[PDB]
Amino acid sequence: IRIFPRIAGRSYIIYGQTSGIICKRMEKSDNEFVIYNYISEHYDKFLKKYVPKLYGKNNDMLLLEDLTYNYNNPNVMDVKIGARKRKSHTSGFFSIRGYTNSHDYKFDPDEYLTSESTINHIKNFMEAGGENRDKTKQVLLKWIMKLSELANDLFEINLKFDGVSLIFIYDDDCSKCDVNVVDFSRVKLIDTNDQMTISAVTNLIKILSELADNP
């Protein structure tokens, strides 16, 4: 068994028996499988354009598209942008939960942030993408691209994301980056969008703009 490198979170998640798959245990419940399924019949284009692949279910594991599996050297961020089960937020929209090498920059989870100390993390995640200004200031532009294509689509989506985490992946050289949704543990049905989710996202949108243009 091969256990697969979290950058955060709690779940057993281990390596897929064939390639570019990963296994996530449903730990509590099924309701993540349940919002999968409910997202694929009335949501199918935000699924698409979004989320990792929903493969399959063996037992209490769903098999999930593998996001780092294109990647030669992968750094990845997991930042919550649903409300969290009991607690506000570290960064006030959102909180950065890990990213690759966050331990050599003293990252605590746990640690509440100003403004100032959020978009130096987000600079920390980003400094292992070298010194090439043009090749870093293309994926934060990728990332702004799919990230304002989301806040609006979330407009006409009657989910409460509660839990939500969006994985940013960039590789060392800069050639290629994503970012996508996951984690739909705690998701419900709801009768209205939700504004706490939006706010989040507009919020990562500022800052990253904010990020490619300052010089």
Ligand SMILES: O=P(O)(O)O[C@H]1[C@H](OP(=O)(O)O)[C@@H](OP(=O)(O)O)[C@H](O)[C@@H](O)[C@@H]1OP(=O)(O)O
Contents of the next structure:
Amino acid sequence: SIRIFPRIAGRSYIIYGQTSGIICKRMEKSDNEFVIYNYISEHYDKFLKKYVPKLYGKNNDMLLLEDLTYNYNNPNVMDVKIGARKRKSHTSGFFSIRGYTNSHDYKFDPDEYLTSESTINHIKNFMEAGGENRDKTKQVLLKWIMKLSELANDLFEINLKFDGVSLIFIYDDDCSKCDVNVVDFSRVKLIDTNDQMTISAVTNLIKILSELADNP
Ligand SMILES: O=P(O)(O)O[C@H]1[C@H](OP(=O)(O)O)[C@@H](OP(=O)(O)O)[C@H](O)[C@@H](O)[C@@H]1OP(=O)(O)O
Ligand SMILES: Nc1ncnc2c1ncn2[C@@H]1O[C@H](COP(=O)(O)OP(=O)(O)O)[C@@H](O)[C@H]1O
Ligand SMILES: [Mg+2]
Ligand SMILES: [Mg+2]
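Could you present the same protein in the form deposited with the named molecule bound, rather than the form solved without the named molecule shown above?
Shown next: the complete complex, the earlier chain at its head.
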């Protein structure tokens, strides 16, 4: 009666909660992810409310988090790592696509270093389940750009190093609903300045999505 959550990337044990709208993520290595949710909650509460799934509680080593997929009939999900990797450089220069819904169909490989063209093509791949209605897909891109724009603006005033953090892009097959949020705070660190490397990941994504929203 344990139901494994269909992650798109990561190595962490994630299960469905025993009740609706909750997933349980195991803190495998340390409780640093909980320490960081609590720090952001006390120092950057606005950031937490706008950009981050709700943390409802802790049970031993499990975080009870808002299921970002819960309100969707046919969610498509993409995990894009915008914070630094442990040692390796990013597969797309400023960020790494770690996975998306149906990526096996397009021979996506998270180990593969990509050109600009292949990066753009993988984001186009992720958008294909959104069907042939250009106005509807454009509105999904424009809503993502609206929220990433405000995130990149707000990041200038946040003194955290967002190591390992991902953007979770979600849209419904019908293109009636979409969202992007920040997840995975296990390696976030306190620092004296803002994280310019993470801000460049977001502004590069805003550039790519803008080209897609505008193409003829
Ligand atoms: O740092 P990166 O991008 O190398 O990602 C590495 C992850 O670190 P983070 O998710 O914190 O960045 C590791 O997670 P944690 O020990 O933190 O669970 C994960 O287990 C590795 O498989 C992954 O290596 P890769 O995907 O490159 O084979
Ligand atoms: N709150 C959430 N709601 C829905 N899916 C989530 C949520 N948090 C994580 N995920 C899913 O789990 C995957 C891994 O999440 P993440 O927190 O990055 O774990 P890890 O620390 O193991 O990398 C994401 O790619 C996404 O598919
Ligand atoms: Mg992660
Ligand atoms: Mg992690």
